[PDB]
Every structure is written in C-alpha cells, then in structure tokens.
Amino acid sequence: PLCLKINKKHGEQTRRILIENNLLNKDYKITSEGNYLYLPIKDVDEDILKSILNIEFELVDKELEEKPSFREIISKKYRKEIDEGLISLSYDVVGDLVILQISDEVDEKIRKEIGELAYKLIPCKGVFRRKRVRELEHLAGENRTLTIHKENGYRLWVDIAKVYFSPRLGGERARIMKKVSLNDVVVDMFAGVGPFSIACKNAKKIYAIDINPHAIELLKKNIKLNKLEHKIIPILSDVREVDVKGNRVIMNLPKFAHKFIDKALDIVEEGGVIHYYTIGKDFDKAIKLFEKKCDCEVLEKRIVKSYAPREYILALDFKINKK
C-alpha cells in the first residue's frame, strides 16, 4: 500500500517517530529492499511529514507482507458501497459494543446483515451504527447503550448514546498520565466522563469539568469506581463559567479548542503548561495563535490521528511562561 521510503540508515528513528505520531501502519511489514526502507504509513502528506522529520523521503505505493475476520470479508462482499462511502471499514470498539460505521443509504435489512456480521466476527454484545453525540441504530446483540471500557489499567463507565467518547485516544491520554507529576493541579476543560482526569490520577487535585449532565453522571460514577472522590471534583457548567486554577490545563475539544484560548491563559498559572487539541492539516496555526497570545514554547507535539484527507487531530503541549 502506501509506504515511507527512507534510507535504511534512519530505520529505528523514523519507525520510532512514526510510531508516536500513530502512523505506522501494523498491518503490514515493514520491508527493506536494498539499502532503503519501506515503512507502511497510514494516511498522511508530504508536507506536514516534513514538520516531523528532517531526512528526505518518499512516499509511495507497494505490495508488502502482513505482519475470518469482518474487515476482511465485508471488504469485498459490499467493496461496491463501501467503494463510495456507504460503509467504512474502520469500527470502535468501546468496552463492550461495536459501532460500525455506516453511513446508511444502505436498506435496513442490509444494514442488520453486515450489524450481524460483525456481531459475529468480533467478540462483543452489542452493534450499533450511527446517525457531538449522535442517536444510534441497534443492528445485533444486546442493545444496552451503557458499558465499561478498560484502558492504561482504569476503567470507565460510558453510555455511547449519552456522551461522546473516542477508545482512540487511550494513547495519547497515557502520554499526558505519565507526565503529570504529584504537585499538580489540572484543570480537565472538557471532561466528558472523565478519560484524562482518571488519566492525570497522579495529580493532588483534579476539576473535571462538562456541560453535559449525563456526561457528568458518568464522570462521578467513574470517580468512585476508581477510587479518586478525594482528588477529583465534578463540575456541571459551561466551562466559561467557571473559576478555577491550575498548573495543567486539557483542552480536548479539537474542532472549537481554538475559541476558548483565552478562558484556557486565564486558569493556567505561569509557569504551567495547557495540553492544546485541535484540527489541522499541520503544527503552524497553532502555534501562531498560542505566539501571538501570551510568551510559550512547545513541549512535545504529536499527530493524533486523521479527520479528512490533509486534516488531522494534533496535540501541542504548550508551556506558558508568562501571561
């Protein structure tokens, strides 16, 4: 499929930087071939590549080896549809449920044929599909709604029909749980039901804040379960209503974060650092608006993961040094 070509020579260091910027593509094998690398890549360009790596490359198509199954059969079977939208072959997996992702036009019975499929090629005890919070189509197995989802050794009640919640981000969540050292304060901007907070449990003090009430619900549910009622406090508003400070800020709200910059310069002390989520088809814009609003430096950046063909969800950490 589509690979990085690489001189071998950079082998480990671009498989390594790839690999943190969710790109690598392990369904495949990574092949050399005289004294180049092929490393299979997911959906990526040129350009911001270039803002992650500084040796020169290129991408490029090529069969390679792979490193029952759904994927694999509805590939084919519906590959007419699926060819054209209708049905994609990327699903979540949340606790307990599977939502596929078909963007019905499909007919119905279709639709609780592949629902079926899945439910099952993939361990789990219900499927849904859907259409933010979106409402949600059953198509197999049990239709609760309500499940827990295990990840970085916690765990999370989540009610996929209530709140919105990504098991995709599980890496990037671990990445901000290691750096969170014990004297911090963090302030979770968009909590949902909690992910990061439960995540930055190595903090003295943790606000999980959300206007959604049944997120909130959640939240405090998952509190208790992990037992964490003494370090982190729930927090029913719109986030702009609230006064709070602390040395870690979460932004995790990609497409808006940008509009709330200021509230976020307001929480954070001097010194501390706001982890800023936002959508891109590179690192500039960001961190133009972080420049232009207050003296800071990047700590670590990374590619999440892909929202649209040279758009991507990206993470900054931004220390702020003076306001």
Contents of the next structure:
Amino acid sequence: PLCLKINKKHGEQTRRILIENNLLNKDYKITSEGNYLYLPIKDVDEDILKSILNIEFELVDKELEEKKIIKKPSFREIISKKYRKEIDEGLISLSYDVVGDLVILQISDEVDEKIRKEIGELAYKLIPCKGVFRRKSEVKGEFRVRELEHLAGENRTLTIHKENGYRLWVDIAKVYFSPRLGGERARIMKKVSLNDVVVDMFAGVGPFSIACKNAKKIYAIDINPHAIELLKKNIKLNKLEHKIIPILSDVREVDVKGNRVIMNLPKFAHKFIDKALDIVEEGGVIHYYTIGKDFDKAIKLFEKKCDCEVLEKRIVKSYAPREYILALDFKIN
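Please move on to the form deposited with the RNA bound, as the form deposited without the RNA is already shown.
Single chain only below; no partners, no other molecules.
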C-alpha cells in the first residue's frame, strides 16, 4: 500500500530508522524495482519523515504488493488472551511438556471436550510437533504412569527424545518419563568416573543410566516390562550394549553392589533406603530423591540408618503448593 520509494543504497540504514520510529508497516514485504526499494510504511507525513530520514524519497502509492503476511502467534500468545480467566482459575495451563515430537498439555476435565479439542488444535497448529495429548490422570501405579487423552496430530505415543547429546525411545503412555529432569540427569552425568559401577534402581527407559555411560558398569533395574523393552532399545541406540545391564525385576530381590546408586522414585523411595545401603559399597554414594515440605525427615530418617554424610542437598521442583521434590546425595562410610 502506502510505500516509501527509496534508493537501495540507503535500504538498510533506512529500514533501521523506520523500524526505530516504528513506521515500517510489518504486514507487507519490501519489494524492489531497479535501484529502488519499496518499504511498506504506516501513515505519517513527508516532513516528519524528512526529519528522521536524511534522504530523498517518494511516498509512491504502490499496490498492496499482495496481502497481509501474518506473524504466526505463539500458543501462549493466543491462549493467554482467549482464556486468561480459567488459566487463572487453574483449568487451562500455558506450560506444557514436549517429549520427542509429542506434546502433552494440561487441561482440566471440567473444561468441555469441544474446547479441549480446539485448544489441542491450536497447539498442533502453533507448536512444532506431530501429535498432541493432555494429562488424563495423575502419575499413579507402581509403574508410575499416567493416562493421556489424544487431542490432535498423530495418535502416537512412541517417539525419540533428545537431551544432553543422547537419544531415547519413550512411549509416554506406557512408562514414566519427564523431559523436565534433563538438567538433573546432566549434573549426575558430570560425576560418573569411568571406573564406577552404577546402580539405577528404577531405571525406566533408561535416561539416568545412559547419562552415566562413562562408568565401568551400569545396572539398570525396573519391574515394568514396557520400560525394559525400551531401555534395551536405548542401550543399543546409544551403542552402550556392554556397559548397561538391563534387569526386568523387582529391585528388592536383586544382588548387585555399586559405588553409584540412583533412587528415582521420589514417592516411595523411603521404602527402599535399606536395599540401597545394601547395594551401596563402603565408600559408595547414593543419589536419593523424595518429597517433603523440607529436607528434615529426609536427613533425619537417613541418620538412623548409617554412617552417612550429606554430600549435596537441593530442590528439584514444586510438587504442589508447598510440597517439593528433593534430591540428596549421600556419602557412605
């Protein structure tokens, strides 16, 4: 539409200025005819333009040059405006998880299924994925899985996830995985000492183990057959066939010792402090996870257990208003 014909010699320098005074119309693209450039501009006058532009220019009334070029908004952008109220009532969430090429939203079932489908639709439209789900139930069961409800894109739950350089087969509907724990996996990764024997008591599809590939031997344990199938595919996928030993079993009845022991089962980890201390060697170290309103009982209930030494204590994430997931590493003597 309202263009500003200028010589290309001053294109960039002109665009810059026009952008600072916020005049460059952002709906159309800068076309070009010869030694000139047409720069879509918002309605202003010749003199105020002459003031901010140290050069010659015509306000040619060129043709639209096409039609508006919309800036694809962000899922968050649109969803924020359209539903601030229930986002504020806790029915729709702006945060979401993405595992491989699958996204998992959070929408309360109090919200209508038609809306949930439309929102799952925006997500598919506006977010780089192949499929969209939402959390159907909470994390429950001994396998620690959750119900999902497909909403858009492919109805698939198998995908490959990347974090810290490695890749992982994950079926978000048959096992427990949190893309959110990648940083946690990263710390511990810079601790494995190539001659360490690691015990992953609740290995899942194996992300913690794989993050400990430096060590000598790794023992990935898990009672969930579905988890073990994947764990195995990931060992091969990561060419770690001879460092990680998958073990379909209840950790309780497994005889292994190790200097590095991981207990990622924050809900019922306390029910296993014993079996760990067992597996862990004299000088060994046990990475323990749990929940609580604070670190108290976490350390209090480990004291009356052994010659421990709180190597490092931190907060992973709020579990609910107040309750937190904590990670303590213990030095055994």
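Residue numbers count along the first chain shown, from 1. Under this definition, the rigid core comprises the largest set of C-alpha atoms superposing within 1.5 Å between the forms.
- Superposing the rigid core between these two forms leaves a single residue from 294, 279, 264, 53 with a C-alpha shift of at least 2 Å: 53.
- Core-superposed comparison between these two forms: CA of residue 255 displaced by less than 2 Å.
- The Cα shift for residue 316 between these two forms, taken after rigid core superposition, is smaller than 2 angstroms.
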